[PDB]
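Before any questions on how it binds or moves, here is one chain, the form deposited in one PDB entry, in structure tokens.
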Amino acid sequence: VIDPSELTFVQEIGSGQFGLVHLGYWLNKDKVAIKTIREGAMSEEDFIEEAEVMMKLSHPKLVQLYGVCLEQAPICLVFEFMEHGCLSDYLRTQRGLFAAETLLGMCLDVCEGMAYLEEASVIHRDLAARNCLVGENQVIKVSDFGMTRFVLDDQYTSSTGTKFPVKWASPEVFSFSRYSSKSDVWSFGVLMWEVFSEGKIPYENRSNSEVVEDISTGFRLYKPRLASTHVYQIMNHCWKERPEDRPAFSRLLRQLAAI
């Protein structure tokens, strides 16, 4: 638990799934990012349960949750400040400046984070570039793993909802809500596409229904220029119809490191 007096709210930096994000300071010295959880956004008591375990999850390629500020309404989550924001934004902003090796390095970072979560029996559920953050020396860290379990907006959570992230969803997820580390693997493949495409939106921004149809019939994203023949076959292995035909993150890590 972080005491409210230990935090200083400096400036609003944006809004996400659960509401406001501020740049702040922790004990008047260290830069932190503070999520202010908006009313009706979170399943609050259910999260305060899972907060202890989430905090205990620690890895250099996961954005660290430093603590929870509970002694106030609305409650706040205190995070490691990532100096370059979301990967999705970062890729688009820096488009044209990336060497293939740097882009591969980003995929490696994410894969290391996911390998840790997979090992720890944790499903992300919404792995995408928008949910990864960029820190010192372009290091990429995975964030908000498992958080969609606490989202009250049924448009996001339900596979049939209008806000459902179909573009990163494996066939068994969008059809049957069947999550696993292997469904995160599908998402990771799409994230690889995003990285090597320098932040392009997968599936020409096609409708949710059209993507479901595309994937159901066998369509797959085409190779981005900066992705090698080898990288593209790794992507395609992530997009096998059956989750059992997809590699584990532990395997992908060996493959991406071997390059």
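We call the rigid core the largest set of C-alpha positions that still match within 1.5 Å between the two forms. Residue numbers count along the first chain shown, from 1. Residues that one form lacks are left out of the comparison. Compared with the form deposited in another entry:
- Of the residues listed here (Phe47, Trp26, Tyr232, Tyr203), only one shifts its CA by 2 angstroms or more between the two forms after fitting on the rigid core, and it is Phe47.
- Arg220: CA moves less than 2 Å between the two forms after rigid-core fitting.
- Once the cores line up, the CA of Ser250 ends up less than 2 angstroms apart between the two forms.
- Listed in sequence order, the shifted runs between the two forms are 14 to 19, 38 to 49, 146 to 149, counting only residues present in both forms whose C-alphas move 2 Å or more over at least three consecutive positions once the core is aligned.
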The other form holds:
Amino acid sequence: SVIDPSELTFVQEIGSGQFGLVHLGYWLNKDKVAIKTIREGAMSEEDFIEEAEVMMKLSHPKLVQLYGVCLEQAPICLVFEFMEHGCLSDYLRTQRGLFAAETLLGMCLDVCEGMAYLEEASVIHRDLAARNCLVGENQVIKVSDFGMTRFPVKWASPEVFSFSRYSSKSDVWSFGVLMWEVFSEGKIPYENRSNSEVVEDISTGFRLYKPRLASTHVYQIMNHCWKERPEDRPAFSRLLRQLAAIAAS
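Could I have the structure of this protein in the form deposited in another entry, to go alongside the form deposited in one PDB entry above?
Excluded here are partners and other molecules; the one chain stands alone.
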């Protein structure tokens, strides 16, 4: 779990700040890693180490891997899998107009596969969104921010924004919104709406509009994730088969 600091070389700052202070680095060389600096006393060493170990166990090619934790010296950090092509939100936005619908659907399949793994381990993400996903080798998309997380109403299911009632089904609502962000090529959901207007509109039955590149079938899957009650929303396991099936149909 714990990396001796002598084994790391920090190079340059990378990223636009959606994950804070990140460097490109090398680990016991010349393996590229992303190193993320964190605050000194948010956890206590034991909890922190035990949660780095739990995170490292959650090992799936659609999840950005934690390699370990460097805490011998300050500033302390997280050592992560390096993701060649940065944050999905920027990847999508800078390259608007250059994706086939099929390519956008494959991106939602990548996330859904990571999420179906978390779902199966009884792990709730709680902040799933395009900004928390990263793009790798051969443009694979991977999910991050599912551990070491120590209000985004736009991604929150109604029972999360009303009473913080989190579940894998509230992650499914968030994944609907991520699907909209992907198919709209990184547009901001409910962009000119305040938090309480989002809340009031969602309560009334309002839903994000259909992006031009999303087919009718895809948008119907979107609207299933945004079912008002969690019991009506499909589970990731079923969404994974479904999206792959629509890809094939």
